[PDB]
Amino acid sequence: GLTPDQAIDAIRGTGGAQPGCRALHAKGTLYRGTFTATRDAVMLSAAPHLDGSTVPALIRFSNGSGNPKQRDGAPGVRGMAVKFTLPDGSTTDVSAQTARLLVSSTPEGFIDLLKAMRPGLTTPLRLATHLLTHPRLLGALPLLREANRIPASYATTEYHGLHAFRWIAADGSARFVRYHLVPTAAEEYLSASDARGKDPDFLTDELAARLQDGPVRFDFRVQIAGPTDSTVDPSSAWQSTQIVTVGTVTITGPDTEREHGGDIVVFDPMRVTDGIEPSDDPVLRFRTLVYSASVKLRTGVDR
């Protein structure tokens, strides 16, 4: 179907894939913190970072746009990606953003919507046409709106991993889960009016001041799949309400140790670890390949 390079082309054609920048989620900042799982998390997965010990956590908050100069006050998706360092030095990532469900069940559908939302030219028509070709999306309009809200702070909105992951415990038991990173701070958003007058990078200024005041916390919750919940379609709503907090990410300040010299920081949803396996999700599988392409472009090195 769609190839990694074609995805990058589509992204570039919409304003992303800027020189030296992540093709998408170009604008973002790194923060330092730690993660500690609840005592029962070990019953769900044998992953080392979920055994109750405290591990290092690198967090990047970003704007989904491919434009590194994207204004924070403009409508748009926000991202929160976390990289956990394990005892043996290896790392595992959790990638999440503001939409509750993926707009499409396939990489092809996603890219088509990305292009339909390209220049402001005839966007209304292009989007309308896309919707007629993608009925399911047309029936969840409120979710598309929710995904592009303007948060008062990166710390005052929630993020979702969307894809299902298979969590396997030491006893060999397994369950499929979807990731949700929820703030302990009250959720808060800005009106179009208030957002309009904000500085272009008001979210990073806000977060810097917020952290100076004290740590920021996000609870890591997993939604456990129900009997008819699809483990392969991230655009499909789940009926399960079996959602449990498995840990907390405590962020204490901006990072200054990473992305210097030749250090490359990439949050890949496929970077799992023992006790966690990716589902047969086509978008999930496609992402690692597209990210490798995006990284190669911004760094020059490939993997």
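Residue numbers count along the first chain shown, from 1. For clarity, a rigid core is taken as the largest C-alpha set superposing within 1.5 Å between two forms. Compared with the form deposited in another entry:
For the residue set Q212, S90, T184, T122, core-aligned C-alpha shifts between these two forms reach 2 angstroms or more at a single site, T122. The rigid-core alignment places the CA of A170 less than 2 Å apart between these two forms.
After superposition on the rigid core, the Cα atom of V232 is displaced by less than 2 Å between these two forms. Taking the rigid core as fixed, one finds a CA shift for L131 of 2 Å or more between these two forms.
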The other form holds:
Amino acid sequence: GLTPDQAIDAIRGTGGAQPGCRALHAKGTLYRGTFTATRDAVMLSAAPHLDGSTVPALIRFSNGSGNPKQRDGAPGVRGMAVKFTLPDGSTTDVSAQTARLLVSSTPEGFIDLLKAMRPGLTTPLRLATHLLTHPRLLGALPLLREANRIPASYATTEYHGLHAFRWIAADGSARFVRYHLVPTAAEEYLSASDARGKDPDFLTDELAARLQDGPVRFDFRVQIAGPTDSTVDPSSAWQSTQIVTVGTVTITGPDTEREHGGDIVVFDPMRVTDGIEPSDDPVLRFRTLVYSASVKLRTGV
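Here we have the form deposited in one PDB entry; I need the corresponding form deposited in another entry.
Left out here are the partners and the other molecules; the chain alone remains.
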């Protein structure tokens, strides 16, 4: 079958798996903040960080590329990851990127795509024999484009968790939800034109400047599964419009005490907590493993 090593191989074949870098989302910065849920969130989940208290929040804004030197101005996926610290010291992560849905419904599908995406031999050719294997992708371009827009700022675009998570409340009630991190700032993007002229790391510079002006806010929203919404296929579009705000992440500045020495920082979608369980999503379950591989490759060097 498919192994973590293989996943890393496909990733490396796309320019990723660089030394001392995350196999993917190599380029990214850490920020400090806090999170406070709405008064009602505790009715959806019993998770400690959702009870209404304020908890520490570590955020990483990144470019999806495995290339540490990726150009902010070039097309690509951006990722927003939040690590919540619970009262007892434990932590639970929320991982999200700019795409509305996943390009594939399975890990194999995603990996097969990262291989046929490799440069050299016949790039535009093999990156087609895939379409034949995965029809679903022929109508994707529309979403793919949206997921690669060049945001004017990491603070002016929204991120999605894609996978469905089962939220259990103290009363025993449960519901499946998909995560969405929306900005309180107006969403805003740059045309390919402007994007080209921008500094390689303009996104890092603008956000540093934005925070010196004041905090940046993102509302955490959960889209609650409708009667026919798949809880196992992150590529499947959901019909439900029952989307509610359950909290806000308030980012106040760049972090400086983290990732010094043998300190490792990894946002694992599987790092849930009491009151939150993972769905039988094959992509979500495979991630934690391929991540361990990636974390290993960068721990040593």
